[PDB]
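Number of protein chains: 2
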Amino acid sequence: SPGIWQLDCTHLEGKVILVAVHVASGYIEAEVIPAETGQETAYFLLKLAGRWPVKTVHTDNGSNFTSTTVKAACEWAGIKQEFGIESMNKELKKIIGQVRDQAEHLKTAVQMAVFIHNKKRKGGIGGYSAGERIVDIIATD
Amino acid sequence: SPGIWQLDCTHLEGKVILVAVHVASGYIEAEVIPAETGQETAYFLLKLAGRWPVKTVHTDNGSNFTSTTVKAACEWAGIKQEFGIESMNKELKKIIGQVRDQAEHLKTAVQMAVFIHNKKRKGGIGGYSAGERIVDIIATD
Ligand SMILES: Cc1ccc2occ(CC(=O)O)c2c1
Ligand SMILES: Cc1ccc2occ(CC(=O)O)c2c1
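Chain order of the listed sequences is A and A'. A prime marks a further copy of an entry chain. Here the first sequence stands for residues 57 to 141, 152 to 207, where the numbers follow PDB author numbering. Here the second sequence stands for residues 57 to 141, 152 to 207, where the numbers follow PDB author numbering.
Check each hint, because a few of them may be wrong.
[What the hints assert, rightly or not] Keeping only pairs whose Cα atoms sit at most 20 Å apart, straight-line, the calculated SDA-like set for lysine to any residue is:
id: 1; chain 1: A; residue 1: 173; chain 2: A'; residue 2: 127
id: 2; chain 1: A; residue 1: 127; chain 2: A'; residue 2: 167
id: 3; chain 1: A; residue 1: 186; chain 2: A'; residue 2: 185
id: 4; chain 1: A'; residue 1: 111; chain 2: A; residue 2: 182
id: 5; chain 1: A'; residue 1: 185; chain 2: A; residue 2: 191
id: 6; chain 1: A'; residue 1: 173; chain 2: A; residue 2: 182
Note that these hints are calculated values from the structure, not bench results.
Here chain A stands alone, though its shape is the one from the complex:
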C-alpha cells in the first residue's frame, strides 16, 4: 500500500483547493482550480500519477463518481477510485495564514503551505518529514 491516497477539496477566498494526501506518510499535493469541474480533477490525478505510484484514491462523497474525464483519467493511469475513508485541511489553512502576506496570489501561498507541511519535522525536531516518509515507504517497497 505505498499507492493509497485520499482526495478532498477545501475552500479559501472563494477558490477551490484540491488536496491529495498519501495516507501512510501525510505527504500532500494541492492546487487551486478555477471550478470543481471533472476537467481539472482528472488533470491533477494524471499529474499526481506521473510523479508517484498512485493505485487507489479514496473519496468521501459521490462527486468524483459522476465525472466522465475522472473515469477516463482513472482508467488511462490504472487508478482504482474507491468510496469511504480532514483536519489535514485545517493545518494546511493555519500555514496559509502564516504565509498569505508573503505572496500576491493565494495559489503561491497554498504551495508555500504544502512546501512547509511536506519538509517540516513533527514537533520541529527528529524523525522524518512527510517528504522523507513517502520516499522511504516507496524505496522500502
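Given the coordinates of chain A, assemble chain A' with the ligands onto it according to the supplied hints.
Here is chain A' with the ligands on its own, set in the frame of chain A:
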C-alpha cells in the same frame, strides 16, 4: 547531489512547455504555461521544491537570471540558480505524438508523455524507471 535539476523550455502548437529533469535519474516534470513570464517559472519551481529535494537548478541561457519572482522563489525555497549544463525534449515530443489524439488539450498529452517517460523501463525490460531511480537516489541518501 540528489538535488540537481536542469530547467529548459520547449515549444509545441505555439504553447510553452517548462521541463525540469533530475539529471542523475532522468525523472521529468513539465507543465504548459500561458507565456514565458517569470510568474509561472517561479510557481513551478516552488511546486517542484515542495515535492522533491531541489538544491541546484542549472539553466543554459540568461532568461531566469533577469526575473524578480524566480529570484524570490529561489530565495524562499533555498534553490541555487546556476548557469551552464536537450534531446530529453525530443523524446518527450515523440511520446506527445503517440498520445496527442487520446486527449483534447495539449497539456493532457504533455502529462501523458511525462507519465510514460517516468514509469517505463529503458529498453522496455528490466532495471528501474526514472520514477524508481529518483526515489532510490533520495532514499539511498
Ligand atoms: C484521458 C484524460 C486524462 C486526464 C485528463 O485531464 C484533462 C483531460 C481532458 C482532455 O484534455 O482530454 C483528461 C483526459
Ligand atoms: C515568493 C514567490 C515564490 C513563488 C511564486 O510563484 C508565483 C509568485 C507570485 C506571487 O503570487 O507572489 C511567487 C512568489
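Hint-by-hint comparison with the structure:
no., hint, verdict
1, A:173 - A':127, "holds (18 Å)"
2, A:127 - A':167, "holds (18 Å)"
3, A:186 - A':185, "violated (28 Å)"
4, A':111 - A:182, "holds (16 Å)"
5, A':185 - A:191, "violated (34 Å)"
6, A':173 - A:182, "violated (28 Å)"
Hint compliance for this structure: hints 3, 5 and 6 are broken, all remaining hints hold.
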